[PDB]
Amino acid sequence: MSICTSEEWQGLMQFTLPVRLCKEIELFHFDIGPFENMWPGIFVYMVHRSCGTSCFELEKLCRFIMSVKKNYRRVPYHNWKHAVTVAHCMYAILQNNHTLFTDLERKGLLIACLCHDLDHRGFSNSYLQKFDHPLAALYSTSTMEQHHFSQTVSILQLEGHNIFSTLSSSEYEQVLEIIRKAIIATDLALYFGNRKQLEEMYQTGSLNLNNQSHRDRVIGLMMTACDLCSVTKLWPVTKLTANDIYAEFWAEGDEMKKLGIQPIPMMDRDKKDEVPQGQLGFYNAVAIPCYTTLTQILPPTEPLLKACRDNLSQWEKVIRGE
């Protein structure tokens, strides 16, 4: 594990958020893009507004965040920027649904989101499961996500980083398990079953938020919605982020090329022409149904669906020549 320097977390401690951003941060469509130096402070802020200023010990929180940053890799997409973007979308969903979730869940989900892709290498579970490589060995299924949670706990175990130590022993294991499950949920492999179960649960009426199994499934879809939130930003942002996503995909093709394997079109840089069609298929089968089910369960999340609906309309334009 890599540790933050003294000036990094103390600098974050002294950081105050600009007043104009406070109003904008509340919105679903908010793009963190133009404020890089303010990303850790944006997270501090969201935690304080959601959970409280004294919830976490500030010194520990600031040490936690800056260290979390240093354990995100310098990769095109699954990087520190992605983590904050996912975290912010969670804050937005929470704020519009505040009382549905306990303080422990809100604390848990925000930290989980920031951590959910820790030490990502830009490679998929498929790549690691086919090659091996001592990560598919350690984690047979779902896989990078188990690594991300493992990484999260490893950071919490660094000197003065454990933001959760002041919780009761019961709450401490509660929050860790909330986080474990939330991070595991970001394995898109598990998303498809989860959304179908929830679709069934909502449609029949059987869905009950007091039901802990149902509750875990709701949080799971929330993690998926947040992980996908770049499909819900303004088209120029959405479009540019896709470039970072495929840059990773194509590199996973390149390494498969370097070791005598022929990758899928999605990961073949010699197949860029297929990208807009793959994006349409991704929205139609993944993003659209995700935000549709989430709006049915958490109605205040509708803006996320509409921004996705507009971004689909943009991808159809690319396809048709416009």
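Residues that one form lacks are left out of the comparison. Numbering follows the first chain given and starts at 1. Take the two forms, superpose them, and find the largest set of C-alpha atoms that agree within 1.5 Å; that set is the rigid core. Compared with the form deposited in another entry:
Core-superposed comparison between these two forms: among 35, 56, 282, 30, the single residue whose C-alpha moves by 2 Å or more is 35. With the core held fixed, the Cα of residue 299 is displaced between these two forms by less than 2 Å. Here residue 312 does not count as shifted, since its C-alpha moves by less than 2 Å between these two forms after the core is aligned. Look at the core-aligned forms between these two forms and you find runs of 3 or more residues with C-alpha shifts of 2 angstroms or more at 12-20, 33-36.
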Second form
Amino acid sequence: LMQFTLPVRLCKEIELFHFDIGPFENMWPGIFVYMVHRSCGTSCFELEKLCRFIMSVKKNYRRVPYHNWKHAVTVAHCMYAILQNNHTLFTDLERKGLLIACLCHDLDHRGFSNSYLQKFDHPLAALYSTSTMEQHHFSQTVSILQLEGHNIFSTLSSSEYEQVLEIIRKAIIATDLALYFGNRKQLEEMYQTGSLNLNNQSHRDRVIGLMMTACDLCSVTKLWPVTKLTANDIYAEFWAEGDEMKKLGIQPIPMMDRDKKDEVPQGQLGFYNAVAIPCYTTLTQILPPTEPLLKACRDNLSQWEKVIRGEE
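Would you generate the structure of this protein in the form deposited in another entry, following the form deposited in one PDB entry above?
Just this one chain is shown here; partners and other molecules are left out.
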């Protein structure tokens, strides 16, 4: 049968946490299939169905600066690196579901936060009062799964199918960063007091939720030029949202105000200290082989400190 292969530099570097998928969009589908085949097997999905699904997912990501098809595939690769480094901790269904979840987790993102949809009074904010965009992302995933020829899970039983769609629903909802703070605290406390138990389903749910946050934030784990250039795309979205907040007659939060451009280096420090470093610290305690993500995050925090000292 038909293995996907990659050129040698990609074949070796795709295994590393800090891999950058590159600027050649037409190679991203192959990179993803390559990752499914090695983390899941050539038997997991019917190739023709998997390809149809991938191409429909791509079409349902928008041309926005950050929450785009490149972000989706980036987040899936960080998940591939976690899965491949913790071979024996994950079930066959988890292997199947989580790469799909990561590819789907921002489907049909418009470049605006849950908070902007609520203030604008977008219809999605009436349909979904909390985690607004994330319930939408999961809803788009089920839509694409039900297009003809797109059921990549057709070989699973009724109960296995329901289990995988539950793994995907929870992984996608967990990417709402408002939910992350509490999840990480519960995980920290369970780890410290020795109650953490990976046979407990609700414990696994929290661990998978944290892996989702880690994958979603993985721009902070890259080589510094990747980190720094991704930050430009992140603020390009945030600042457009700030502009829209000002059109509604509302002072945006600092993060989203382009007039506070100068404070970016200090905003990045708060972000690394409040979100990123604690995310990868807890992840590393639970899954020791994920330590390269924490080491790379720490390295990028030093680079933001250098930008503030005027050395970078």
